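Engineer: Residue-level listing of the chains:
2 protein chains.
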Amino acid sequence: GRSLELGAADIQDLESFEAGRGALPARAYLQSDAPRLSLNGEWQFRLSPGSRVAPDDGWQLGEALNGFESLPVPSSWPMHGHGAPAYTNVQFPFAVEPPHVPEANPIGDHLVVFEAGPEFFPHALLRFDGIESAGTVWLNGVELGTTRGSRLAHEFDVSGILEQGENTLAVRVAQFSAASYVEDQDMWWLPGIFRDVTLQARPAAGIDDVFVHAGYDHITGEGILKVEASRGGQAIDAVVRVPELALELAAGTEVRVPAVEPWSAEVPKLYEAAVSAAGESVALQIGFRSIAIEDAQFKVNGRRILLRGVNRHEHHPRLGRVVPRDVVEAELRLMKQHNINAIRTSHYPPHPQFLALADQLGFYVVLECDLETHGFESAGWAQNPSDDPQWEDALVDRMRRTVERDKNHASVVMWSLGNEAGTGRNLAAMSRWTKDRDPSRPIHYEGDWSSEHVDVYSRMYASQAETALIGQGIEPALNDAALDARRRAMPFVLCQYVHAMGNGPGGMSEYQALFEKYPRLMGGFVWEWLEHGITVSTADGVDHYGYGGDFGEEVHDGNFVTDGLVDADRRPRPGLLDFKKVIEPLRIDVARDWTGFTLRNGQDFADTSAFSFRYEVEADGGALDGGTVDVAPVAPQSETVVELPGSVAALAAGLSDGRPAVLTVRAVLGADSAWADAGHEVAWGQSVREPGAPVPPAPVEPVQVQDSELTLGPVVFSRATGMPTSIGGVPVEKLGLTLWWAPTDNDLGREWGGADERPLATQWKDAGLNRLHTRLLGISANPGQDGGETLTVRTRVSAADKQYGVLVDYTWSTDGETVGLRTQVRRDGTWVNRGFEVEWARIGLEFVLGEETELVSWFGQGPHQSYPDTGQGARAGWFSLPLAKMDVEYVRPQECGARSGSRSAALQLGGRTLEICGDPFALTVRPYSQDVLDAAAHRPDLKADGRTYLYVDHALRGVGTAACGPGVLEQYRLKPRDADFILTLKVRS
Amino acid sequence: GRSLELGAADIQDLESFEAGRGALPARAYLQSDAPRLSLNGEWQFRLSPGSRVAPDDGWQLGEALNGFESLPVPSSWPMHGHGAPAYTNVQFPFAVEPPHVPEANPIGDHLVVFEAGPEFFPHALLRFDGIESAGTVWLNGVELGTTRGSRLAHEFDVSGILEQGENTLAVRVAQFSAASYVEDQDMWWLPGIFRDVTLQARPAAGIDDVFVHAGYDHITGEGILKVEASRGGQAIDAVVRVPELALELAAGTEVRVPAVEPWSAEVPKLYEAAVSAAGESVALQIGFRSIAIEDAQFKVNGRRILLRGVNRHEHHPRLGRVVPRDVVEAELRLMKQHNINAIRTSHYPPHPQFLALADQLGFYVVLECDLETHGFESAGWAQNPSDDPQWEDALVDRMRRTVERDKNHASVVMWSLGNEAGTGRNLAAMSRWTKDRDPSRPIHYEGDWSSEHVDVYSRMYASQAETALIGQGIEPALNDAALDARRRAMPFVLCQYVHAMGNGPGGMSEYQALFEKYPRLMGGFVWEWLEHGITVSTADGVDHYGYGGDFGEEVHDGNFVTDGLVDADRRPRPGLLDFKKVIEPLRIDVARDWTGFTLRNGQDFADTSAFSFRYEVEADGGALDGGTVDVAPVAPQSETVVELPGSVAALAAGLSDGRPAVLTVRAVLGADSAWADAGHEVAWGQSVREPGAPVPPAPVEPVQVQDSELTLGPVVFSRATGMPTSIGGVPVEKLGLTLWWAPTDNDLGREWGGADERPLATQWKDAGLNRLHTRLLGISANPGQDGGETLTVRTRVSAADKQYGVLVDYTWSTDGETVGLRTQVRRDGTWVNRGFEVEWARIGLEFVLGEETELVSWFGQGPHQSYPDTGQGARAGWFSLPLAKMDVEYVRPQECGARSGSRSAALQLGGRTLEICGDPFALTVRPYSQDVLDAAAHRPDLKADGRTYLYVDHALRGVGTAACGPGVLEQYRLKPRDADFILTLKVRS
Ligand SMILES: OC[C@H]1O[C@@H](O[C@@H]2[C@@H](CO)O[C@](O)(CO)[C@H]2O)[C@H](O)[C@@H](O)[C@H]1O
Ligand SMILES: OC[C@H]1O[C@@H](O[C@@H]2[C@@H](CO)O[C@](O)(CO)[C@H]2O)[C@H](O)[C@@H](O)[C@H]1O
Ligand SMILES: OC[C@H]1O[C@@H](O[C@@H]2[C@@H](CO)O[C@](O)(CO)[C@H]2O)[C@H](O)[C@@H](O)[C@H]1O
Ligand code: NA
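So the sequences go chain by chain: A and A'. A prime marks a further copy of an entry chain. Quick note: the first sequence, position 330, residue 351 per PDB author numbering, numbers continuous. Quick note: the second sequence, position 99, residue 120 per PDB author numbering, numbers continuous.
Any given hint could be a false lead.
No farther apart than 35 Å at their CA atoms in a straight line, the calculated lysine-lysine pairs in the DSBU-like style are these [what the hints assert, rightly or not]:
hint, chain 1, residue 1, chain 2, residue 2
1, A', 320, A', 538
2, A, 786, A', 786
3, A, 964, A', 964
4, A, 906, A, 996
Honestly, the hints are just simulated from the structure, not real lab data.
Make the full structure from the sequences, and use the hints.
Structural biologist: Here it is as structure tokens:
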């Protein structure tokens, strides 16, 4: 007998390999004077759990709809209480059997009534700029068609279906479809109509598409202009006017403009233009720039550029894939404020409004097609859509719509086929189509390392070492001599590098030095701009970001989606502050004698005339001198030495020895720009006169012995433990050696290579570093000075079930006012476990104080955190912060907040102040212990316990980027060693 | 200056390598007529966290004691609210730096006042039978000495210190000491005075020690008797009387008793004897037996024996290491009731009272010395006390006290040097001392595989395969020809095997067959007798067992201490019921034609005269015939064929075909024994006439089609899912294929060997077997019979992110009364993941019923659970249990309760009854889902949800012993395959 199952037809369509049906030809997104009506607003919405249960109750007619409630459109509907967001990284959340879909498939029925006036007749269309993942569209009950390609635009002719007056638009949206198999980006799965819905009139004698060709001849200064215009796919008579250039020309003819000012990210010159036919006029912004690959270099307007980039997803912590325009504008301004000049639209085209902002503010853009089949990799790429002939039309269509929509924007300097889609016939077809359609932009795609169908060689997270070999052109050959010759002639880009998850990223400086040294290196794009945190509100009302698994997912990838330089609300992480410094476009090297500074202009086109150069000398008491210096403009890629005013050097020469003083030279905007105000800091450099080494106090005070306690000046010691119980009145609950920290996200990633691929966090756990214990060996007093004495406490630190340890000796000294503490660490037995060497996170001390800290001040680096392979943006100076603001609000709490390179510190314990001095140490102050920090999965898990946890580290490990990419570089690793270091302590009430 | 730390002297003593000081010579535990006073009772107790804080406040004088509270003695003090028990398996809970102790070291001060009458003067002693781990003893403020060796006895002379009238006994007990390094058994760390404290008078002209030598000459039947007696270490004139043997002899002379009845575990003949001098008489029980190794066989009284053994720890779920005598007696009786004949005192000497019970009830005992340095293995045995000359005196002393205390007991047939202590000089010294002192008992020690200093070759958890090679004497040679020749001449024992943790142990039968086949194989001792569960009581008042980590331990090993054949309260696990059958001492093979049975006497000394042989024929209606048969006694190791009464065969011949009937033949005690009552079952065998295969119902009923539902007889199907929603009125919430079960403890252990060492539980998790999903492919009806039709539902089962799946087709048939269900499974793509083949736990169905089940009945195997490599004790029959009693109360909930080999089943869902028939299937019924079972860490985590979860399995995996030892044997593994199987269903209201 026949079939008896329900919904076979809906499901047959969802499983289709075809692109959408019924849509108009793909075209550019154009600003037109044609009437248009946004249908955005409050729609009606009904959710069904699958296609077999989705009602076929004539709901498209909008009459007697039961089960519908209001929903804003555009929206990601799980951000509004309908289902829940779900995060997977690589793994598909459904069985991998393309093109088939699971039974649990949220079906969202959307409906809106609207009014169409006579200006939309006789011809109009409906435009949808994004539907995830499969839409079926009805107007007044007549099926317009379907949509495939979730971040791509679709237009439907409504001529003869749209009626004057009231109309009813209905859209059935399936979360999962065959397209889901090619939309496996590392991000939240979020169904919805998440971009604009527009009704546009199409008057007769209008303009459907426009293709701007605006080249630049850097030898003559000429612009090369051709503006194509078409209607129904045929070239049409149109007039092109560019008033600023005194130009009137016909569409379709190439002309040479005698002297144009060229467009670049540094100088994003745009000329306002209009293309007009009888019934319609289109407004354009034209930036003249030519892109070329020459001598294995990526060049714009005749010059090799340096990409200073980020990977930009579209995410909002409360609206999902809907990013309000005001947030877009602000975040692009924030990027420019941190010296970013390039953006990759990972991994799909952005909102169409994005490109004009990129044109205007100035970014080199890698516009990527909506294609990613990452989940097929684990099966050896079996059934990969990228190589399956049945998917060719679907994938070419994705590329076509990507290219057509954005082809007029100067800011787009590369087209990208997709991301992590393997290699295959359909990728080659997408490349062939793009090269024929638009030869003016090189093609990018990292998935095929042979680079057979691209114009640049692209890699993700290649090590600093391999990048140096590539920059010199000495990487190993491809097996195919012809392909090897082609790839060696290509410039090289890191489409993703220095993974910015949690504490980090480390190793940015070593990449950047290579970028500057080797012309073949185009630069790199950080993974990634933002964390995809989703706001969650508790009963108390306290908000925190959630991540994978916080929404009930059966399969998920945890906090791997919170991996950005800013949080979901665009608050910078420390890594962004470091990144801005690393990529700063000018290098300022201040002379040790304070007589001047060397200034290198790292820009590619602009000189230094936009910048005001300012100097300031700061000391303990505050600013001693400051001013501005006149710098004759320095050409791009040129260098000069600038004399500073004689007062600065003279000031340096007059400082008594050991008095600390910091000279800072800054390059700030002389005037407001489109992205920041005058005085915004772009680059800086410093020369420091360091404070003298701290003088051990004279051991003049003796030790008082008592039954259970010992006193030495202001320090009171427990006689049973040997550690101090109070010092200057401030209670000390515990003092001991530390070798471990609460693992970062990087420490949770695998150290690939060698026989040991355990994450460092696991190595540490296996080794017992998280659970150290101390045995007291002895306490003795020894002859000091003029009757005084030192107190030596000998301990051994180890962990249960381990034979290795470190002997630790504390030697205390005091003159009644200052406390001298020498600490001496010595290995006892080999620190090897499970057959591998144990590494340390740190060599330091943990003071646990029985009172709360309100304020932390220090002299060293700041204001933000710094670790051995980070902190580039932390500058030398004097800093003071409330305790709450020493912490870093990572979504998963982890080690953070250390201030490396500190020379002195003051903790304000209410009425008293504790001072620490010493040779350079790292400083951390927290109101909770390391075990609470490690145990915490979200920030509300952190609770202050009334104490102060003070960490003084003589040595620190780097943080690296091991969550994805290289671990800590050799020079920053911390292997077990012997070590001795001195501190002074003082309590000033 | 001098030291300033506190408690250095106490700690210096705890770190001492010496044995105890001040104690009398080690001697036997003897029953004497000398006056004795137990000091057991309510003592006063004070706990301090370490030696540096333990008061030196003159507390030993018992006057003005502050901070003391009542505590029972004997006790493990963490079982009474003072600190907490802590469980570690191998790892030490302190840093490994012998002989040093951690700062956190519970110090327990014990004190008791008592009255000593004139019968304890002039000479008396104080006896301590166990202190964990280091005791210091004062009497009336005078230091008697110290104790080392936590499960060993110490006696102190109190002559001249004990006063007539009131006395004050004070004992300072440290949990940790240098001895802790040699007491690293896999068990709870439990400090305390955990065995008897006795005041014993020592009258003049008494007897301090006695050494019984009672040999047996199996050729002549003669006993060989010599009883040594000494005082102050010198041989003394004593008289030895043995009334039953008409003997009066002098101590110290060897005599030949003409005809003794020899002692064995099977026939534990004991002769009452008394050794007496003028001032003291000692009562003895003498069992005559000679032990010998001959022709690579372990022999007793001239014959090779088979050890049917368990490893017996001393544990009580509420008293710790204190085992009440009534529990000891009951558990030994329970052992005999399950055919056990041998006990290893893992891994220390037991309570001294244990040995006379072993003598009397009849066990071959391996008495092990208190020595285990397991925690040194992870460092390559660096610093192992067993090879460190500084520990020689400590370790010889442990062996000396072990041997001296128990040397008079016939039940001790082997001395063991210790457990998991590596190899070393001190072990060799312990062996040398023992061989010189007592050559009558072979020496055992598994730690040194070369067997250089032992008389038997011992291994733990050697595979069934390696055991078969050893039994044939073809294992590989040692590199030292001399040592190889010695070891090849040795018999072989598995001191630990078939690890009994959780569901299991599997593979017992394959070991046992080898034991019977190969004389060199002595048998084996199961690890272990009991689970060390500790009772925990919640606010509700519900008790459950806790394990490692349930008491706040920083380092622990979880539920690896709950790994026994009985729970902590001695309730049998299914593995014990299986074990009893596996080791049954008689083999009964019932003839297929029911005319008789073959009977092999597997005993070593006894014939079959103790046994009554009974038969019974059972059918659906109940017993059809039964009686007793007279078996002329069968000699040990002999065989005969016993005719059954003609009525039984005649009954068999008269059964209509397909009618099920079970013939059972049982060997029960003819009369009460010391360990069970008459009628206790010892062995059994069965012959079954199986029920006919179930007849598919005639497909005479058609399918009614409806908008959303389908009806076929009494089955109602959801049209959207294809699965039934009710059947006979009972609601069905879900039906689907299962391939996975909630991992057992064995499934959580590593499959050593191959490139894949992930535990099967992890293999499953990585593969998605725990999270299967089903896609509906189609539903169609097809021509049945006389207008009826079948309904076929086609599905595919897979998991998210996986390409492999199984196609499943359900074909339904009904004649209105019975429902026929054919299920057909077919692999689609290779079930490979992470580069390794995925194995299945099962091929079955899960019915989730929307109503509760009160009663489960079946015909198959029972009453207890059975899996492919277990269930030996489950016999064929008809069974019925309430739902609660289908479950197995393992401490960590896990897969359990399957009844393999079922042919029919009836679930009573209140007023209705669901019947299932089919070819052999496994049956499981639960009131909670598999995910709740897996998630649960303790039994209170299980919660009934109102449903019934019914599992019908066409195939099951074995359970093995992978938690420690071999995994599932090849023949019981379940690799992916195609499969088809049929069921019938019927609801009788
Ligand atoms: O956050 C990781 C980002 O990097 C890439 O994904 C990573 C791949 C690259 O082959 O390596 C892993 O670490 C393996 O799991 C991936 O996470 C993606 O291109 C980015 O979209 C993003 O996921
Ligand atoms: O419950 C395990 C029992 O077996 C032995 O310990 C195991 C050793 C044998 O070398 O192998 C391990 O599985 C490794 O961890 C141990 O658990 C002990 O002899 C027994 O006392 C007991 O622990
Ligand atoms: O503690 C005295 C013991 O005497 C033992 O036997 C004598 C010892 C004394 O050196 O040496 C022997 O040869 C035994 O090895 C005997 O002559 C007793 O057997 C012990 O029980 C005990 O009495
Ligand atoms: Na165990």
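Engineer: Are any of the numbered hints broken by this structure? If so, which, sorted upward?
Structural biologist: none
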